[PDB]
Amino acid sequence: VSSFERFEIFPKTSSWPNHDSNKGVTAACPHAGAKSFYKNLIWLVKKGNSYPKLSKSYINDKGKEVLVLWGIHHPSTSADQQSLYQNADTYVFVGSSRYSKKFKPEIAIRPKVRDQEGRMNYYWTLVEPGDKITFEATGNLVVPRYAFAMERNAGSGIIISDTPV
Amino acid sequence: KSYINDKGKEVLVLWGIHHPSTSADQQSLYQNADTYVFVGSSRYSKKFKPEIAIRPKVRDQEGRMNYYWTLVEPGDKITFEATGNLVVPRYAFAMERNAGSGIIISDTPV
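Protein chains in written order, with UniProt numbering: chain A, 125 to 289; chain X, 180 to 289.
The hints are simulated quantities; they were obtained by calculation from the structure and are not laboratory data. Worth double-checking, as some hints may not be accurate.
As a list, the in silico DSBU-like pairs of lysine-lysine whose alpha-carbon atoms are at most 35 Å apart [what the hints assert, rightly or not]:
1) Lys228/X / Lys226/A
2) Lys171/A / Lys236/X
3) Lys236/A / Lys225/X
4) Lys236/X / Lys256/A
FRET-style restraints, in silico, Cβ to Cβ [claimed, not checked]:
5) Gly281/A / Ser280/X: 29 to 39 Å
6) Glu252/X / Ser160/A: 49 to 59 Å
7) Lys226/A / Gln210/X: 18 to 28 Å
8) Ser200/A / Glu252/X: 38 to 48 Å
9) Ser221/X / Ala278/A: 40 to 50 Å
10) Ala232/A / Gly219/X: 26 to 36 Å
11) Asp213/X / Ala232/A: 15 to 25 Å
12) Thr262/X / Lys188/A: 41 to 51 Å
13) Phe128/A / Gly219/X: 42 to 52 Å
14) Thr287/A / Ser221/X: 52 to 62 Å
Interface residues of chain X toward chain A, partial, derived using beta-carbon atoms under 10 Å [to be verified]:
15) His198
16) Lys236
17) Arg243
Ideal Cβ placement from N, Cα and C applies to all residues, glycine included.
Pulled out of the complex, with its shape left as it was, chain A reads as follows:
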């Protein structure tokens, strides 16, 4: 990468007024004992007994590509679904001029991995300079918090070794 700049695409404080963005932490990602989560994402949970239709957009204004990543949570039980998003049936939609896809969460009980019977998928896409990317979710969306305005340097590789720098 010949240009890498991390910025806040959807500010945590002022972008999700109707959704809770503080109790989306778990014991699966502990930070010094306490329950925490990813830094560049936000786990949006219901506020009281309500989860309205989410709809947010961002227009790439960096003159270079912007890497955006998000997540899709798939709960273990419907009781866990109702306790987090208040809606028994949900759908998530992400779309841009290059990307477009609708998501339907899958509610099922998997074997325990780090004491989690549920799963969560992770996705990524690059937004062209001057393009728009829209989000639309009735629940189960791990929303993005930080993006990355980048300009990918030409092809290179990745070395896995204990050799010091």
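We have chain A; now place chain X onto it with these hints.
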């Protein structure tokens, strides 16, 4: 609708699937808010359920339209089945592929 390949050679079939922007646009074109499309053969089988949402404008179009293709072996049937949101074929192509060649992207004249 069904078609039986009687051309004695492979037949290339191309169809499309439309995904409206709003449920209002959905019902305005196909009258059924919930639709499905099915295409089947001996080798191909798939069901499409349109995804309704608003995308950023591309050529002044808030909706999208995926395009699909498959081949039909000589003597095989291909069946279409749709309650809406289907761009049906009009012209097919009875073709026969020879050895592997490529595509040239150049301004050099012929």
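Hint check:
For a cut-off of 35 Å, the pair hint linking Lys228/X to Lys226/A stands: about 10 Å separates their Cα positions. Taken as a hint, the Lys171/A and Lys236/X pair is honoured in the structure, with Cα atoms around 32 Å apart against an allowance of 35 Å. Note on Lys236/A and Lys225/X: the hinted pairing holds, with a Cα-Cα distance of about 33 Å set against a maximum of 35 Å. This hinted pair checks out: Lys236/X and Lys256/A have alpha carbons roughly 9 Å apart, not beyond 35 Å.
Under the hint 29 to 39 Å, the C-beta atoms of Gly281/A and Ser280/X, about 33 Å apart, fit the expected range. Separated by about 56 Å at the C-beta atoms, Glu252/X and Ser160/A satisfy the suggested range of 49 to 59 Å. The hinted range of 18 to 28 Å is satisfied by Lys226/A and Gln210/X, whose Cβ atoms lie roughly 21 Å apart. In this structure, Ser200/A and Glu252/X meet the distance hint of 38 to 48 Å, their C-beta atoms being roughly 45 Å apart.
Separation of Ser221/X from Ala278/A is about 46 Å and conforms to the stated range, judged on CB atoms against 40 to 50 Å. In this structure the hint that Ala232/A and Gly219/X lie 26 to 36 Å apart at CB holds, the actual value being about 28 Å. Take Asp213/X and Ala232/A: their Cβ atoms lie about 24 Å apart, and the range 15 to 25 Å holds. The beta-carbon spacing between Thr262/X and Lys188/A, approximately 44 Å, falls within the hinted interval of 41 to 51 Å.
Between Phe128/A and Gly219/X the CB atoms are about 48 Å apart, so this pair conforms to the stated range of 42 to 52 Å. At about 55 Å, the beta-carbon gap between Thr287/A and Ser221/X stays in the expected band of 52 to 62 Å. About 8 Å separates the beta-carbon of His198/X from the nearest beta-carbon of chain A, less than 10 Å, and the hint is met. Taken as an interface hint, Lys236/X checks out: its beta carbon lies about 8 Å from the nearest beta carbon of chain A, inside 10 Å.
About 5 Å separates the beta-carbon of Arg243/X from the nearest beta-carbon of chain A, less than 10 Å, and the hint is met.
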